[PDB]
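> Single-letter residue listing:
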Amino acid sequence: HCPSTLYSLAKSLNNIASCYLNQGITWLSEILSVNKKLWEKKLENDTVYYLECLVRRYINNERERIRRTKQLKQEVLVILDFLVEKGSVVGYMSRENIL
Amino acid sequence: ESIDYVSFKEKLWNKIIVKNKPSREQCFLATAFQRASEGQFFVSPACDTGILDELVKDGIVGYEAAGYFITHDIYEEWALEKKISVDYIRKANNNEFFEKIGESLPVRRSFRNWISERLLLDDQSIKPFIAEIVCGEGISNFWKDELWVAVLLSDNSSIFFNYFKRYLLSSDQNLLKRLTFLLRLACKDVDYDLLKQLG
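Each protein sequence line maps, in turn, to chains B and A. Whatever position you read off the first sequence (first residue = 1), add 1488 for the entry's author numbering. Whatever position you read off the second sequence (first residue = 1), add 397 for the entry's author numbering.
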């Protein structure tokens, strides 16, 4: 529930903790789907930028498995609709690619 | 002095049951699951309009005035294991999977066989699934017991004690006690050599 947590995980998974990316998608999707007030609170700077990088890097590797597997697709779409809610062009185009 | 069981299983499924029609495989899977779900020997399946007659002429399915039934037991076990694989591929979350497959005793045996085979073939995707089950909540305890029986019967068994050490020890040894109960109940076999020596 602390927004500093979401910021820290998004920044870490992009460089120093990059070796956990496949599991990090689960951790982030969980945080965003349970803690509803994060959709309305003010975020730390660059949070959206790091999330854009993570999701775009994951889909580039995992495209076929995401298309063929319901649970992975639902987990990814939770981050993408959060990004589109905040007005991300990159998130929007990524949904139109996944569908 | 042993058989290549996987090749034998593959040849028999593809050449006897499927042949070349998807509609045959769909009909057979639905028939076996309906028997195991309703607790019935004779059933009336909702197949496509001529497939049960083709399976009766092949001798896989039998007919009597009370309904249709399956001739050999080994094929019914194999059908339930494939059905579990499909429900695993299509699930949204683990709780929905355990709700989908039901809870009757033939299904529990089929689940235990399926886990044991994934462990033997070293499919690493099962390890997160196992960890999610062993750590998770809301899942009824008898599913965890079937999983631990599968582990205790598998040659891999020692690895899991290295992974779950703190979980085994710290929680008042409660799981370790259940392991001894399951071990003494399920993991035993008849000693026909000693019976021969006793006459």
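Take these hints with a grain of salt, some might be off.
In silico DSSO-like pairs for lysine-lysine, Cα to Cα no more than 30 Å straight-line [as the list claims (entries may be wrong)]:
| no. | chain 1 | residue 1 | chain 2 | residue 2 |
| --- | --- | --- | --- | --- |
| 1 | A | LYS585 | A | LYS574 |
| 2 | A | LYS593 | B | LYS1561 |
| 3 | B | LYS1558 | A | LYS593 |
Computed beta-carbon distance windows for the label pairs [said to hold, decoys possible]:
| no. | chain 1 | residue 1 | chain 2 | residue 2 | range |
| --- | --- | --- | --- | --- | --- |
| 4 | B | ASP1569 | A | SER482 | 16 to 22 Å |
| 5 | A | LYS418 | B | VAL1566 | 38 to 44 Å |
| 6 | A | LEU580 | B | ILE1504 | 40 to 46 Å |
| 7 | B | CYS1507 | A | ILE486 | 25 to 31 Å |
| 8 | B | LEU1587 | A | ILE400 | 32 to 38 Å |
| 9 | B | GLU1550 | A | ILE413 | 36 to 42 Å |
Pulled from the structure, derived: some chain A residues nowhere near chain B, Cβ distances all over 10 Å [said to hold, decoys possible]:
| no. | residue |
| --- | --- |
| 10 | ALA443 |
| 11 | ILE486 |
| 12 | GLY596 |
For the record, the hints were derived by calculation from the structure and aren't laboratory data. From the three backbone atoms N, C-alpha and C, an ideal C-beta is built for every residue, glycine too.
> Now tell me if each hint is right for this structure.
For each hint, the structure was consulted:
| no. | hint | in the structure |
| --- | --- | --- |
| 1 | A:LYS585 x A:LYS574 | holds (18 Å) |
| 2 | A:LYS593 x B:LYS1561 | violated (60 Å) |
| 3 | B:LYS1558 x A:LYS593 | violated (56 Å) |
| 4 | B:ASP1569 x A:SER482: 16 to 22 Å | violated (31 Å) |
| 5 | A:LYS418 x B:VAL1566: 38 to 44 Å | holds (40 Å) |
| 6 | A:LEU580 x B:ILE1504: 40 to 46 Å | holds (44 Å) |
| 7 | B:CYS1507 x A:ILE486: 25 to 31 Å | holds (27 Å) |
| 8 | B:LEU1587 x A:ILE400: 32 to 38 Å | violated (47 Å) |
| 9 | B:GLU1550 x A:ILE413: 36 to 42 Å | holds (37 Å) |
| 10 | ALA443 | holds (25 Å) |
| 11 | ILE486 | violated (8 Å) |
| 12 | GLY596 | holds (58 Å) |
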